Structure formats: structure tokens, C-alpha cells
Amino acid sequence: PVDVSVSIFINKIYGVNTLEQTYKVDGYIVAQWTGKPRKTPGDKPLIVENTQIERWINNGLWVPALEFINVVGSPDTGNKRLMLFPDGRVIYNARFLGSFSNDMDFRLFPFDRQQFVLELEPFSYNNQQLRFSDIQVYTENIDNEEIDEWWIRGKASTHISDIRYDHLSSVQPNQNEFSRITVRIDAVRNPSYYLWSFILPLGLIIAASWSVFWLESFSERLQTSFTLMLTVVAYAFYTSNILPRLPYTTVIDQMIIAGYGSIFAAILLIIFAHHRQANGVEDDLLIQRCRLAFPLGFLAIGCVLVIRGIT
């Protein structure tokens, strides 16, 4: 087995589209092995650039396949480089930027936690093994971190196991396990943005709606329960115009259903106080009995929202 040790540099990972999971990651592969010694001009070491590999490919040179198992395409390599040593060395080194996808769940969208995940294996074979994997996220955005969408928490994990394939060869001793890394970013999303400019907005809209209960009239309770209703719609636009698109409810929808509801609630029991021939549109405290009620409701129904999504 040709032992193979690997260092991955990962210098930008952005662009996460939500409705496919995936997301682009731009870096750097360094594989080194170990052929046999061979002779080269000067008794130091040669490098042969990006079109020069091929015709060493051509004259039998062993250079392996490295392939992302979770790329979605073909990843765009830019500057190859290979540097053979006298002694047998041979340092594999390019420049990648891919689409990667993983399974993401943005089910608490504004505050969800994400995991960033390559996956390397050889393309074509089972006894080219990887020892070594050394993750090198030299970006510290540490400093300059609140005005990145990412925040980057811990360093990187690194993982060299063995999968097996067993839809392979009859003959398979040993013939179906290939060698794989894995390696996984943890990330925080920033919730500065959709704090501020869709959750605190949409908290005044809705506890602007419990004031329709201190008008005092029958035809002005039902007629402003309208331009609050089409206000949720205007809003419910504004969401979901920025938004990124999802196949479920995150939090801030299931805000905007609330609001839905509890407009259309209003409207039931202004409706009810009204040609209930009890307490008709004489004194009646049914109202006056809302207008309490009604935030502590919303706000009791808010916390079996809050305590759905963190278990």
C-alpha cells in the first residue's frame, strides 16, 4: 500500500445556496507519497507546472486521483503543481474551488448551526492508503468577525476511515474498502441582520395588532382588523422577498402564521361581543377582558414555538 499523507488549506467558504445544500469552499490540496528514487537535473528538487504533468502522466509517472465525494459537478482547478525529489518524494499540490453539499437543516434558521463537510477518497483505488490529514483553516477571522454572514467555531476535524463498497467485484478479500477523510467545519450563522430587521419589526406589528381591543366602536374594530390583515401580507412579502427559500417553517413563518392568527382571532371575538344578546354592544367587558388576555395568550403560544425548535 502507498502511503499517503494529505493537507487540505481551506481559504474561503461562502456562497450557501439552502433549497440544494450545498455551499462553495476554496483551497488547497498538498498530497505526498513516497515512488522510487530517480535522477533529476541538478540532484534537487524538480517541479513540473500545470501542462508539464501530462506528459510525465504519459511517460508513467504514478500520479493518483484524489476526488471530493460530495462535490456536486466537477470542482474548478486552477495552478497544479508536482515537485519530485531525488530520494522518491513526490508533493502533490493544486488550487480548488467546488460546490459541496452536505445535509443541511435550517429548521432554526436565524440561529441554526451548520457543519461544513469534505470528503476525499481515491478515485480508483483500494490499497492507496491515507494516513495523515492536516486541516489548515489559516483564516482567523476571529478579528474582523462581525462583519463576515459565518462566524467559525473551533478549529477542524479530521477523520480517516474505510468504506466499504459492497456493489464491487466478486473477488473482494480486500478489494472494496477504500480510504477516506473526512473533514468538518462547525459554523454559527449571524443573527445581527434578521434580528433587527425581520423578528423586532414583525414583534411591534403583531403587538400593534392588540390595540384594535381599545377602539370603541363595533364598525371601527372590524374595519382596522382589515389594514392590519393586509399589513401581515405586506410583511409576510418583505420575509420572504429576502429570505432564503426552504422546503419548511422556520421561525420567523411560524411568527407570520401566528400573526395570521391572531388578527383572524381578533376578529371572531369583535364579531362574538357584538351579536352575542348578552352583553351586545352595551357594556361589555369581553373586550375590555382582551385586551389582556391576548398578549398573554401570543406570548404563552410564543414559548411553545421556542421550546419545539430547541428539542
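Superpose the two forms; the largest set of C-alphas matching within 1.5 Å is the rigid core. Numbering follows the first chain given and starts at 1. First, how it differs from the form deposited in another entry.
Candidate set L286, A31, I53, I252; criterion, C-alpha shift of 2 Å or more between these two forms after rigid-core fit; matching residue, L286. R153 shows a C-alpha shift below 2 Å between these two forms [criterion: core-superposed Cα displacement of 2 Å]. After superposing the rigid core, the Cα of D143 is displaced by 2 Å or more between these two forms. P173 is among the residues whose C-alpha shifts by 2 Å or more between these two forms once the rigid core is aligned.
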Second form
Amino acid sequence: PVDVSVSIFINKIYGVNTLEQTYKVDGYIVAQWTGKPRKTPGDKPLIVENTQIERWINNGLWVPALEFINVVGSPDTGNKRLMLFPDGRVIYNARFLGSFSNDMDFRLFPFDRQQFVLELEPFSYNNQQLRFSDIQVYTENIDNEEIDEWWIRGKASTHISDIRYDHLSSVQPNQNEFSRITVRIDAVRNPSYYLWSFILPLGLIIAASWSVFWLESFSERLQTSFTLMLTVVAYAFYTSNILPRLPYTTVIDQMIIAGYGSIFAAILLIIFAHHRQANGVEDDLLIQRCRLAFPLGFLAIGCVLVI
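Now that you have shown the form deposited in one PDB entry, what about the form deposited in another entry?
Here you get just the chain by itself.
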């Protein structure tokens, strides 16, 4: 088996798409193996560029096709090259921009914690013909500053395993294990924008909703509650335009439904305080002691729901 040493340079990770669960990684890949000795011009190593590589492969040079398992489509390969040494050492360096995929969980949306996975595997050669020796990952370009949307936490985590394919038992007996490289990069979201523009004014709106029981009349309370309901609907749409599409409810979504429930509970208490009459003229004040109890009860419900 040929021992291939891979090195992956990550230049930038961006373009996270929550609906399709993809992201875009840009960088280089450097594979290195040892073949037969050869005589190059002089003694210095020989360099083959982008179109010239196909000319050398047609003449019988062995260059394996390394596949990204979780890429969507095909990577946009830029420049690529081969460096052939007279010793017999071959180095294949290429640049990619792919759209990779993973199992991404956005259920805690502003306070999220994802990891970005690249999986690499030979397209055709099992580990009796090509096994990966070692893998170094250089993520020195991606940073941790407040400008960046995602905080990359620590260096990348690497792994080399042997994936077994059970459909090859009919045609390739005893040789169906393929050598796979996995690269994981942990990342934490920047929650500052979503905490200052979305979480806080919704809390202010919900807190200002509770001050309709200071109104003296009853029709004033209902008209004010319906104005607050329109405010909560407008805020729900204001958040739901500027946020990533998801098939489940995030934290912000949980708070919008809490706002709707607060408005409807306020309307129900106003009606029940109005309806407590002997025949239609007897006023009420005992139920309206919830100017300091209903906000606390709703806050306790929310604190239970957070835990």
C-alpha cells in the first residue's frame, strides 16, 4: 500500500446556510507520497502546472483522486500542481473552494455551538492500495476577534479511520475497507447582535405589556391590549425576516410565543376582572391585585422554561 501524507490549510470558513445545513470552506490540500525514482532535468525537482498535469497522467503517472465525502456537488478547484523529485517523492498541491455539509443543530440559535467537518477519502483505492499516513491541519488564518461572526475555539481535531463498505462484498472479496480522514473544527457563534437587537427590545415590549392594569376603565384596557397585540405581531415579523430559516423553533421564537401568551393572558384577566359582576354594574378590584403578581408568575414560568 502507498502511504499518502495529507496537509490541509484552511483559509476561511463562511457562508453557513442553515436550511440546507451547508457551509463553505476555502483552502489548500497537499498530498505527498513516494513512487519510483526518475531522472528530471538537472537534479532539481520538476514542476507541472494546471493543464500539464493531464499530459503527465496520460503518459502513465499515478496521481490518485482524493474525494471530499461530505462536499455538495464538486469543489471549485483553482490552481493545482505536481512537484516531482528525482528521489521518487511526489507532492500534489491543489486549491479548493467547496460547499460542505454536516448535521447541524441550531435549536439554541444565538448561543449556538457548531463544529465544521471535512471528510477526505480516496475515490477508488482501498487501504490495501492506498492508506493515509498522517494529517496536519493549519487553521492559522481564521481568528477569534469580535469582527468575525464565528469564534473558532482552539486548533482543529484530526482522525484517520477505516470505513467499511458492505456493498463491495459481491465483487471485491476481503478488500472493501477505505481509509478516511476526518477533520473537525469547533466554533461558537457571535451572540452580541442577536442579544442587543432581538432579545432586549422584546423583553422591553413584554415588560411594558404588563402596565395595562394601571388603566382605570375597561374599554381602555381592551383597546390597549389589542394595540400591544399588533406590536407583538409586528415585532414577530421584524425578527422573522432578519433570521435564518429553520424547521424548528429557536430561542427567539420561544420568546415570541411567550409574548403572544402574555398578551392573551392579559386579555383573559381583563375579561375575567370585568365579568365579576352581580348583574352588570358591580365593579372589581380583588382580581386586579395582579399588577405585581402576574408579571412575577410569568417570569417564573419563563425561568422554568429556560431550565
